[PDB]
Structures are given as structure tokens and as C-alpha cells.
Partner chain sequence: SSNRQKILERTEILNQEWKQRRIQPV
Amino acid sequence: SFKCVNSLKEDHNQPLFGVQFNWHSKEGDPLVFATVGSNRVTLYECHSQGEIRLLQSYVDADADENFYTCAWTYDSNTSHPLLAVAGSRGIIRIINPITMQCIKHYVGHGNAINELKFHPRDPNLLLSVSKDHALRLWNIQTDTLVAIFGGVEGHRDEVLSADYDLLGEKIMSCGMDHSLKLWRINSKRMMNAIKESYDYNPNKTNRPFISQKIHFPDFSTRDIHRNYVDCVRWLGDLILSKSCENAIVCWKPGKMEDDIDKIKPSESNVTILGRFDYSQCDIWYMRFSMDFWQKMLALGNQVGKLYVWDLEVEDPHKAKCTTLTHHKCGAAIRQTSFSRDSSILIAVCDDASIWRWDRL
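Please supply the coordinates for the chain just given, on its own, in the form solved without the partner chain.
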């Protein structure tokens, strides 16, 4: 029951590739979201009567930078929100959302960064996925690279998406090699690495911080999709992943009754629990998103149509779909974002337009 209440367009006329509401905003503060596109990050505030108030932007010094992704966290000691952005240059920037100052940056990836994700229980643990075939886990409190997830048995082509499970114990990643790979970060090795990353103070020691080199996933499959897998999210112990085949697939590793934490790296079976089809979304680089409670799933297509699946049903394949269109919204929707209370849905487009849908 969403209604389109407003729209606007950014003056660069370049694609907006990412949008994220700040779910770490304090009580009583207005709902804020960020857009990324061109070499720009922009913050907007949502107000009554559909108003989208423009606040302030961060413009990268490199006019050739192209931001692909962003994610919110908060500064661990001060509680003030932080915004991480990254894109074609392969550089993570940490932005102060109040002043839009770049506080610090992380270099290391060999090519573009395609997605950023923060650990669900630890606001300092930032996951990056890169065109260089690797994932990196960063501790943005001590400014340390904790681990590199790669190798010959890592991804063999550009990594496009990844996601932490609910408790932050494991990561699922996906990309251009058609594969989805599980990486457990609750192993004794990775837990110890995270602890050491917090005890590292370069002014109190002579050593560099040693990163972990993780070369072997804990599960891998190429049997879900037959093309680029450009978005992946956990839904409990299940996985939602999409390709460019007009399909979000709900699946799990192993057979039907196999526990996710009993899965071994040699597991060769998967179980398909359903498929959410849609129309006209066969270009690469389109994300679906879920609300905070994971009751709803949203995806835009390449002609401006929005699909919303109600996941509050007993089984994945029973999901109920509703569609949202506007006669003036005809450009490809790259990503969407629900506000934390799920009352607002924002969609961003290849023509730099922004569309606001309010639950009425």
C-alpha cells in the first residue's frame, strides 16, 4: 500500500547506483538517506507532505571517481553516525555525515569496490567486495586490514555482492564467476584475528598488523544461476540471490534438512525453495533490498517498475508480490531503501532521479 509522493533529480545527470537510509539515526531525528552516483555522495531528509530536503554533498577530488556503494555505521566511542562510500577507484572513504568531511580512507583493493557492508553486531567491522576478485574485512576503529578473502579457490572474477548473516558469524559473497561462496568468520582463526585487530596500536609497537589470507571458502556453488550474480542477502539460514535472468532465487546449501553450520566445504548439493520472477531486469548491476525486520523485499527493474514481496508467510515460495509504477518513472532503478520504520521506500535511477514512496 505505497503511494508515490515526490521525486527529484540530481544535477549531474549520471546514474545513482546506491541509496541507503540511515538506520542508526537517533529517536526524534528526521529520517535521512544517502545517494551515491557520479563522484558524489548526497544526504537528504524526509519530511511531511513528501518533502525531500537537500542537505549537503561530498564530492570526491577525483572527477573520474564513480561511487558504487555506501553503508552507514556509527563511531564506536561517540555514537555519531558515519557513512562509508566506495566505487571505481577502489578506495573506501569514511564520511562525517554532519559536515560531509572525509575523515579517513582505506586503500588496498586492486580495482573497483562493488559493495560495502557493516557487521550486524560490531559497527567497526567493514566488509568490502572488489572487482579484484577479493573480499576484505577492515576494522575502522584501529584502521587495520583484518583479512583478505581470495585465492584460486576464492572468486575467479569480479565480486559484486556479499552479506553477513544475522549474528555476524558468516559471509556469503557472489559475482561474475556465477558462484556463491560462504566464508565463516566465527572460526578460532578469524575470531583471534579480530581480537588482535583491536589490540593493535601502531604507536605502541614496531610490527605492521598482519592480515589473514583466507583462500578457501567454507561452501561454494555455481548451480543457482547461469550468469552474473549481482546481489545476495541472508534470510535467516536461507539465501536470496539474483542474476540478470529476471529471478530472485531462494535456496540453501546442502539438502533440505541440512543445517547451515553442519555444511562442509566439499558440499555439492543445494536446495531451491522458490523463485521470485519479474519482468525487464536483464541488465547487470541491480540490487534488491529488504526492510529492517526482513518482512519485505524490494527490487526495481530497468524500466522503472518496483516489485515488493511480502515475506510474512510460512514458506519462501508463498511470498506475496505487489507492484508500484508511476507514468513518469521510466529509468532503471539501481537500488531501493526502506526507512527503519518501513513507512518510506526510496528508489534511485540511471537518470539521477529519486522516487519516494510512502506507506499510505
The other form holds:
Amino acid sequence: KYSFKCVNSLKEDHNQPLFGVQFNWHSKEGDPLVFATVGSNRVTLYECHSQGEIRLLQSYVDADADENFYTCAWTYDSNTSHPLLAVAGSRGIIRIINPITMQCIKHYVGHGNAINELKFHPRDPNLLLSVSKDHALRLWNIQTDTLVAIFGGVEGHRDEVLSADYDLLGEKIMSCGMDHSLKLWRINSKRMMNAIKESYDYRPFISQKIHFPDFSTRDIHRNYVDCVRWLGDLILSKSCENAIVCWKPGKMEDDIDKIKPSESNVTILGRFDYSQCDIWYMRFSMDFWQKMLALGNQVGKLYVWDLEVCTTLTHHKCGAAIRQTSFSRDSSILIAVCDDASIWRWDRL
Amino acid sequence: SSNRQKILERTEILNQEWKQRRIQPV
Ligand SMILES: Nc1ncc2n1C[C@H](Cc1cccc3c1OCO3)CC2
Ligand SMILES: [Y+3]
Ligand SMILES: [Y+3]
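Having seen the form solved without the partner chain, the form solved in complex with the partner chain:
All chains and molecules follow, beginning with the one already shown.
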């Protein structure tokens, strides 16, 4: 159904892998389409214009030449509507950047190691989720500069957490990582709702230590799980086994909100099969309305599936691993970022 | 599918919250 044309490409002069890309979905209709890229010690902003034009806006260069940004995520200031960009990577430092000036507003130290992904709560712009090499997830309230909770410990992940996602209403998180597991952490529990409210009321702040998840499975994939997203009440997750698996906790007819923490079953609903994406750390993405699913492979091919029912986007110059993709909010534009620092723009026909 | 109906209604709620917002351009 969906068709795209490659209208432009460029290469960042640092020539290092680009691991993250995100359009700013908070921009109002009528405002310019903006996306950020992250790789090496760099954070770069670009604006999309007519006739495939990619306009460089500003570049953030970390004073630490050894920093390697892995992820970025957009939010806004709850009081002034001002756009904000969070970035993190190998150093395990979260930096809140002002995207209009490209200067860092503040930074958070805490994670014992590298941060693999950042996500903002879909309803509360102040709630930032970080997943780390230290086997834990952390929830921060960036308005009061407090660590709300740490998800890890006794029954937490046993190796690096690679990805996590909030569901559409921000009531729960699914995380995944190097231990091959996918774990559910409910944040609409009376305990978590109160811990969030308390973070707004803030002796130093006492963070919740959540050692036990609400569901756990190691029965979906047989290797590192590097990307997870909610698709309604269902889950989309992938490993390096050349498939995105669509699955759900419990038996076929089990309600996600009735799943007990000891639930032993999983139900597979289907698989999105592809090829040459058998290396670790390759993200898939969806558009805002979750009508499209995109994933790049290790040789520069871009797969796009229609979620309401597969298109393969290739260019002879795009041969490097596509680490992540991002759709514009209206889904008219798809950007792919690569291991060789190249950026590819695909416009919907 | 019933899950698609859940997606539609929940994304519509988020889009309405986005439509009520006027975030400053980058
Ligand atoms: N652990 C580790 N070793 C080496 C790296 N990382 C994690 C890091 C970030 C990452 C994590 C999951 C999926 C990803 C992703 O980048 C693009 O797709 C990339 C490089
Ligand atoms: Y409690
Ligand atoms: Y506990």
C-alpha cells in the first residue's frame, strides 16, 4: 500500500555510527518537521523542507570526546510549552538539552553504566525512563530533578537492559535485554502512582526500589532482545533472529490487566519476517497512529509493513547498517540513520 | 481486530491532548 522515494541523503563529518534518530512529534501542525540524530559525542538537529531539503539547524558536541550517545527522546516543558531533548549513552549521563539554543540545561548521574534507551511518558512530559547496562530501569521526574524509582534487583533483569516502552496511556512499561527476557512493570499501581505524586512534592528524595516485575518471559526469543514496543495491548519485540514477534502475556483470551505476576504462558500472534538483520542493536519504529512499522537491516535495506492489513526501500549508495528509523508525526517522511554516519530521507508517495 | 480498536481510541486520546497543546517551534 505505502510507497516512498529517496529524496536526499547526507553524511555527518564525524564518520562514526549514528545509533539514534527521532522526529519531534510535539511540534504543532503548521510548524517545521524537525528530527535529531545521535552518535559519537554528537547531537544534531535538522529541519525538513520541501523538495527533499534537509537543513542543518545546530550541532551539540560533548566536551568529553569519549562520550558515545546511543539514544535521544523529545519532550516539552509542562509550564512554558518550550521543547526539550534528552540524550544519553556510554557515559551513563542523562543530558537535558534546550533544542532552540543547543545548550545543555542540566544533567543526571546515577546509572552504574551506559544508558541504552530513553523514553518519555506519553501523558506526563516530566517522566523520563532510562534503561541501562547496570541491569536496571530508572524513572526520573525531570521537573523536580528526582529519581522516582529503580526497577531491578532480586527479580529484575540479569544482564543489560536494551529497550523499554510505555503503553499508549502510560500505565505500564515493557522492558527487554541481554538476558533474553521481557519484563512488565506496572506504573498505575497505587504504590507507583503515589511515588510519582511524591516526586512532585519534593533530606534527599527516597526512590522506590521495585525488585519484582508484574510479568516476565524468556520464551519469545533465544538471544539478546534489542527493541520492544507496545502495539495496543500486544507486544512487538525483536532479537537478531530475522523476525519481529507479535505476542501477548498469558493465554489467547487473557486480559493484559488481569495477568498475575506468576503468569507462565505467552501467546504468539504472528511474526514480521525479514533478512540480513542478524547483528545486535538494530531498532524498529512505528508511526504515531501505529499504521506503519519500519526496520532497517545490516546492508542498508529499509523494510516497511502496513499494520492495518511489505515494502522494501533500497538505494545503491545505502549499504551500511541502518541502526534506527523515525517517521514524521504525519508519516509523510521516514528518516534512516547508519553505521557510516549517513542519514537517508524517504518521502511518502 | 479488537486490538486495532484499542489502538484507534487510545491514539485518538493522545492526538486530542496534542491538538490542545501549542509547543514552541525548535
Ligand atoms: N550494548 C551495546 N554495545 C554496543 C552498543 N550497545 C548499545 C547501543 C544502543 C542500542 C541498544 C539497543 C538497540 C539499538 C541501539 O542502537 C541502535 O539499536 C549501541 C552500541
Ligand atoms: Y506503597
Ligand atoms: Y519490591
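So that the term is clear: the rigid core is the largest set of C-alpha atoms that superpose within 1.5 Å between two forms. Shifts are known only where both forms have a C-alpha. Numbering follows the first chain given and starts at 1.
The rigid core superposition between the two forms gives a CA shift for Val152 of 2.5 Å. The two forms, fitted on their core, place the C-alpha of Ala162 0.1 Å apart, compared between the two forms.
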